[PDB]
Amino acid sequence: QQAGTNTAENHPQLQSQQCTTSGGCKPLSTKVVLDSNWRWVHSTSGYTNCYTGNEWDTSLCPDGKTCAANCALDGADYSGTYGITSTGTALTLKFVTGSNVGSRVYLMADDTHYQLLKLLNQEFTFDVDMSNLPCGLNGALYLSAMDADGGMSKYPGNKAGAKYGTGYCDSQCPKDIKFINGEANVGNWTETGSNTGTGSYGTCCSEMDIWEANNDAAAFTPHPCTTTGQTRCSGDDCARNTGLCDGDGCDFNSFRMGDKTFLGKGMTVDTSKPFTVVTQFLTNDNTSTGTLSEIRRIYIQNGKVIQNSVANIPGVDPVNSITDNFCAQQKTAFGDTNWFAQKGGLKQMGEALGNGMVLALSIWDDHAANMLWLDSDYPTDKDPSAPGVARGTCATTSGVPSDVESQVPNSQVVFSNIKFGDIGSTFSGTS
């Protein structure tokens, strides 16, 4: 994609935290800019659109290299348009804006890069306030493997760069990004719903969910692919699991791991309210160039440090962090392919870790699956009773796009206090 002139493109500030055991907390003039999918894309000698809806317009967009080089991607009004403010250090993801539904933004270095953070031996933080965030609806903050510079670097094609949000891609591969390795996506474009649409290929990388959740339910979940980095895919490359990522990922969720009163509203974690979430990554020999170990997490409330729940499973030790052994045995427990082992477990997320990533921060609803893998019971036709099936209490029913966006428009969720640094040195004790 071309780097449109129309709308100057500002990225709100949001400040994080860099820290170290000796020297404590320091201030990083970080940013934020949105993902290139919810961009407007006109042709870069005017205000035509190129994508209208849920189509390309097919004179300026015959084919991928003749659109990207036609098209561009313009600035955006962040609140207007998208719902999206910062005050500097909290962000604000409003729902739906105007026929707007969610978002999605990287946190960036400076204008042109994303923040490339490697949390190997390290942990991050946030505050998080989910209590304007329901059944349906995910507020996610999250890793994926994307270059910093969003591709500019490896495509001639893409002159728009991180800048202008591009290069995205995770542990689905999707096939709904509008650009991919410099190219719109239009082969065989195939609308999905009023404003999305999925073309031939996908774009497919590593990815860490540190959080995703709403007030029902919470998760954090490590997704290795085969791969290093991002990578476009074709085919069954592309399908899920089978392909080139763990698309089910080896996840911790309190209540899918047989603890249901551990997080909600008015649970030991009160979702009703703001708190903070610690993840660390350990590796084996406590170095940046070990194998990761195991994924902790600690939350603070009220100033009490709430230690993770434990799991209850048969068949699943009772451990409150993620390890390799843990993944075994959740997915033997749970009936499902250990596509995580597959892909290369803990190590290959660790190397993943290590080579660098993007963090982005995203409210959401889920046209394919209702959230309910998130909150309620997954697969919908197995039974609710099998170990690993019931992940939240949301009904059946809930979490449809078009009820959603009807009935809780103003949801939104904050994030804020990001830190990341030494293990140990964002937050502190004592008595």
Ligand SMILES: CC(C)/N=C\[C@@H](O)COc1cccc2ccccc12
The other form holds:
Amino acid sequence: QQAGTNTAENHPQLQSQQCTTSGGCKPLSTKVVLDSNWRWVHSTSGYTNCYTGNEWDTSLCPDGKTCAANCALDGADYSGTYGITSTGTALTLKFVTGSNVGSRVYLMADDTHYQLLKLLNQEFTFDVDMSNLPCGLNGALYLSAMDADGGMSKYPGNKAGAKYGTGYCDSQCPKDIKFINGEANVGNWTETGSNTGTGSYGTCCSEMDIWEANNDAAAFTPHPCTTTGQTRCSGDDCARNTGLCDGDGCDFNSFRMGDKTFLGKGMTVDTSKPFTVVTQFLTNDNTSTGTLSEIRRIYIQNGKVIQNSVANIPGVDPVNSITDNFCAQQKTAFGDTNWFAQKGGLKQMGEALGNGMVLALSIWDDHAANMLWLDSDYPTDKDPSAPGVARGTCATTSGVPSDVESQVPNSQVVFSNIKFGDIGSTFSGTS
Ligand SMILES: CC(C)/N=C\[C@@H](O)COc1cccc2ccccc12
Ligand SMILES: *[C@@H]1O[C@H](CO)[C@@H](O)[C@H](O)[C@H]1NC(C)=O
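Mind giving me the form deposited with the ligand bound, seeing as the form solved without the ligand was just shown?
The next block holds the full complex; its first chain is the one shown before.
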């Protein structure tokens, strides 16, 4: 895609902190950028749309390469069009804004590069307020193995880059992304909703879901893929799980893992109020060159340090962190194939963390599965009493996009106090 000039692109500021054991925490003047799929796409020479509603203009876009040459991504009115605001340290993502639904933004080091986070033997911490983020919605904060320049160096057809939020990939190998590898994804374009569609290509990479949650349920989940870095896929390679990527991931959802009273409204982690989420990425030898061996989670709320809940499932050791053994046990216990291990498990996840990943923040609803995999019974055809089927208490009828978009359009999530750095350094304790 080309870089449009009709609307200035001004990235909201969202400061973060980098932390070391000896030096403490220091601010970084980071910013956020709207993902390219949400932007206006129009002829490079004027104002005519290349994409309107859920279809491309086949005059401007008869093929992927021609489209990318003819068409430009443009600047965004963050608040007015997309419901995205920042105080400078706290990011608010509103659910519906006019006909716009959801958003995803990435953390930038500066105006043309994503912040590249290298979290092996490090920790990531943030605060979240989900008080207004109900059943069926997901406020997600996650890492993807995107390129810092959004693909510009690799793909001559992409002249827009990180400044316009290009180069997305994730473990689901999504085919709804409009620009991949510097080409419009117009092949066999298929409408999937009023403003969305899919093309013949998907875009795949390893993904670490630090936080997928609403006020009913939360999960953290590594998803390794066999490839390294953002990869365009077609055919069977795009297929979730059996293709390049572990689409299911090895998830830790406290409720799915058998503690139904740990996290939710008025629970131990009280989702009716803001709280802090710490995630630590430990290696076997406590070095940044070691193999990722454990992902730990600590919460802080009202100054109380809250350890993660323990798993309580027959055949699963009662642990409270993600390890390769936990993954094998829960997969067997839940009847799920260990695609996670098939793609190389935590070691493979760690190599992606080691090479650096980009931080995404998003609010969304789910047209495929109504978010039931997060907060209800999934699959919808299994007995909810079987180990693993039940992930939350939301009704099995909840989360249909047409419903939540009309019923709770002013839902929002607030992500703040973003910090990363040495293990144990982004937060402190005292007696
Ligand atoms: C934040 C996103 C990109 N991370 C991963 C999510 O897409 C996981 O989604 C999912 C995970 C597992 C099963 C599913 C079934 C239907 C729809 C989505 C599913
Ligand atoms: C790594 O650190 C952990 C604490 O999380 C500690 O228990 C362990 O002894 C350390 N291992 C080595 C090799 O120093």
